[PDB]
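Taking the form solved without the named molecule, here's one chain by itself in structure tokens.
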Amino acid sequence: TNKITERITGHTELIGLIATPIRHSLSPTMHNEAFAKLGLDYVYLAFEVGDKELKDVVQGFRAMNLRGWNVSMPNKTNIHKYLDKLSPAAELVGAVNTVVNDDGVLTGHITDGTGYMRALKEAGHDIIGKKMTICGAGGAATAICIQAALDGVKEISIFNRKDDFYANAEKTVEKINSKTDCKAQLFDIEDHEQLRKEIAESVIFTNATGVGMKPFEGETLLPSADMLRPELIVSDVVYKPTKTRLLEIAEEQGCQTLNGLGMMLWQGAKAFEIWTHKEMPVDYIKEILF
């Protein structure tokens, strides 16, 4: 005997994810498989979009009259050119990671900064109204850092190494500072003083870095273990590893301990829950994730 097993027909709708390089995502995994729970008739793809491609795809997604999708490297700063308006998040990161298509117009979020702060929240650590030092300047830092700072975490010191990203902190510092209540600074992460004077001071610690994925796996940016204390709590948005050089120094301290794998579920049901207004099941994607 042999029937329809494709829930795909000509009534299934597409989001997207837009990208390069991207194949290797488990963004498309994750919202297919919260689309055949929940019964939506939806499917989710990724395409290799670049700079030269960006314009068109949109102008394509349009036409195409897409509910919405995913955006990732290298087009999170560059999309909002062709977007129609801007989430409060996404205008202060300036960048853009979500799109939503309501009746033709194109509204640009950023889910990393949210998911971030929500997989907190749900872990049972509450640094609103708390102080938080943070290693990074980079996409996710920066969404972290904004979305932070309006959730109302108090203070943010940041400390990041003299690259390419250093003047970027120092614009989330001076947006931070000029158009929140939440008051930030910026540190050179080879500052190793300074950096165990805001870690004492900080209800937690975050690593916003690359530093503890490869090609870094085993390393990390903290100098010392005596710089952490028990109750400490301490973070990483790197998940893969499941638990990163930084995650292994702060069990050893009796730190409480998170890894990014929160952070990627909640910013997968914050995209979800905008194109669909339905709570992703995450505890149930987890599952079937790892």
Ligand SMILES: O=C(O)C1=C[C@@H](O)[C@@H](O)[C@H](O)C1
Given for the second form:
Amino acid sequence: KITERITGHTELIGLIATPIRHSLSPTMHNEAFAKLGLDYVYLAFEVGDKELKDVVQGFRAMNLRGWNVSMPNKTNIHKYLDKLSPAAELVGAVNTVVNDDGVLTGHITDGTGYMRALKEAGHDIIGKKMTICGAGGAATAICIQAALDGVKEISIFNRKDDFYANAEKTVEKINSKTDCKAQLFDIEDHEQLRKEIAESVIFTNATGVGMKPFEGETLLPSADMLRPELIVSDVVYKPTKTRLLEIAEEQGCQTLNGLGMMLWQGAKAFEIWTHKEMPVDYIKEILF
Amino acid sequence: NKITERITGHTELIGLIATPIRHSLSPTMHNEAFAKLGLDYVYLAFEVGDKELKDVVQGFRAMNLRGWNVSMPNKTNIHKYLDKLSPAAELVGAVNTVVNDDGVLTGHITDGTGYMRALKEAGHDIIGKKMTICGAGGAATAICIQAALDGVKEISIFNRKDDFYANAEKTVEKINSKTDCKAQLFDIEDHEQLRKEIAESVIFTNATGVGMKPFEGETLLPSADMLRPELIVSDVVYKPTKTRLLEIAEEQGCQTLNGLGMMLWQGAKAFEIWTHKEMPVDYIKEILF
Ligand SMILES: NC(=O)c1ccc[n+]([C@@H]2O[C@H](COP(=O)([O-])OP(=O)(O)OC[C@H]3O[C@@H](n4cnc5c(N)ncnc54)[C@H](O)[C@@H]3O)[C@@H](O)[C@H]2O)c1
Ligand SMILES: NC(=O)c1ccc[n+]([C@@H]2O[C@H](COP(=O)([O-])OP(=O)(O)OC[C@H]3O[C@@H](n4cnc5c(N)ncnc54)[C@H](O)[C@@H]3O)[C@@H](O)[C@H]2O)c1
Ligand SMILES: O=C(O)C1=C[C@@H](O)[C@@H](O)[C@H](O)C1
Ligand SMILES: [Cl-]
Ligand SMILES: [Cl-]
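Switching forms now, from the form solved without the named molecule to the form deposited with the named molecule bound, please provide the structure.
First the chain shown before, then all remaining chains and molecules of the complex.
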């Protein structure tokens, strides 16, 4: 007569970030575990700077197989891990940890997730030019992966905030370690932005503009910077159409929000922990 | 809804830390209770021993867990890492249940209370009377202390001359110095003393592993004629559901009770400490067969 699948044999996969309780990640992974008959459950914990160290040490002692990491912990957690994948070390951010016999390896799946979503949607940018806004965890993961996957040129735009120096490092990494050509400009350099967009096959927002507390706002100065043939992409998926995507759709452009990136960054994390492919079509149908 | 999993980012965790522990039925009990009441919690077990305890408790503080159960080998050491203790947890020196309020961890002991509640629910009134009990391990210690704190008048403990005998001596000292209960300890080999004690008791209880694997079919009772029809015979063991002791008790006409109620009511007590809602015990008993 027992109907709860969770017993004393059930193992835990975590998610540590704050705020985080409205995340769709637990639903995604729990539905995937249930579909494949795997005895795991995925839970979120509200963890910030003050809690991170103790939580990781606790997870080691609890022998957790792995967990995801989100804001504000992606760029700090490496300190508490043992090894980093090549991409996590290049990016300087971790969103996924796996525990192999007590050895914690940090991985980053946001970039690979973004690129897979483009590919699955039919958008080929390999050997071509991208203009992207942002220089935080998401943008850095995307820029590095785009370069590793063979995108030809990347023009990065960011405001002159604390992340601008990070973008400068990203430019140096891309130019020295890959065959991709990268440059950085101020987002307020509107004439350069117009030129870079014109010369690109895709324009991507990888900032929080367009998502609360910037819903209805955009970093795009004019709709006339977007020709109909341009692909316009946003990492944001709540709302499902940012102001940027709305303006692009009105101009006749193909658009893509962040739902695919969310699915694929999760699919990759799932496979790292379980060595099984996430049933993506099934999960997409029920959740995205 | 296409979504069938009840676990989301809102779901909170209640733990269980002990080793070995993965065959525990506690997670089934609490998860079925949470689901029945529509409470957004899940209960999970973790293999935690001496080497992991400090780090796990610190981690649980940082994860802001509402609470957790504790079992062997951590019940007598965990107080080191907590902030407050209930009176019984302090006196017993063991904690099986922790709750977190605004970062302050309070240790509670619920197996004794569970034992006493199960007797009351079965219609057995032992308050103001004498209990004779076999054992001096975790279960016996908690039952003896709790029984004394709850008003049992006299407790006679019987234990073999093993490494637990010294613990029983400590239990006697605690009861006689901190309560008005009159406690005494004897060797289980003192059959003539056992006859006297049982004859004078409202209840005779087994709180040892005898009667459960690797001692199934065995009993510590020397003679059936030490029992009488008015006596209550109780066993902490519930697998099997009728130990050899309970069979003999039934043969002598005694009232009997196994340890299933103790298990359920200790869970009910912890469930309220965490959720401040009453556990549906009858519902849980039915789902556990
Ligand atoms: N779809 C997905 O799976 C997915 C995955 C990761 C991140 N994201 C999203 O990506 C966005 C960025 O996340 P992150 O982790 O890189 O954040 P971060 O804090 O690491 O970086 C923030 C970036 O946004 C820029 N920015 C912030 N506010 C700005 C403003 N008012 N004007 C101009 N620029 C501004 C910063 O300069 C920086 O480039 C968030 O909306 C997040 O939800 C989506
Ligand atoms: N119903 C419940 O909820 C519940 C809760 C806790 C424990 N229990 C049961 O209580 C029993 C004891 O558990 P514990 O945690 O107190 O164990 P423990 O290891 O802490 O103590 C063992 C006790 O049994 C005695 N003993 C063991 N073998 C003996 C033998 N051959 N002859 C005489 N005495 C012997 C020891 O002297 C000691 O008093 C177990 O069977 C356990 O499953 C039931
Ligand atoms: O909110 C979430 O659930 C997540 C967001 C992204 O940062 C991901 O990188 C992370 O793995 C999960
Ligand atoms: Cl597979
Ligand atoms: Cl213990």
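Here the rigid core means the biggest group of C-alpha atoms that line up within 1.5 Å when the two forms are laid on top of each other. Positions refer to the first chain, counted from 1.
- Compared between the two forms on the core, the listed residues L232, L54, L222, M264 keep their C-alpha shifts below 2 Å, save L54.
- Positional change of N65 between the two forms reaches 2 Å or more at the C-alpha, relative to the superposed core.
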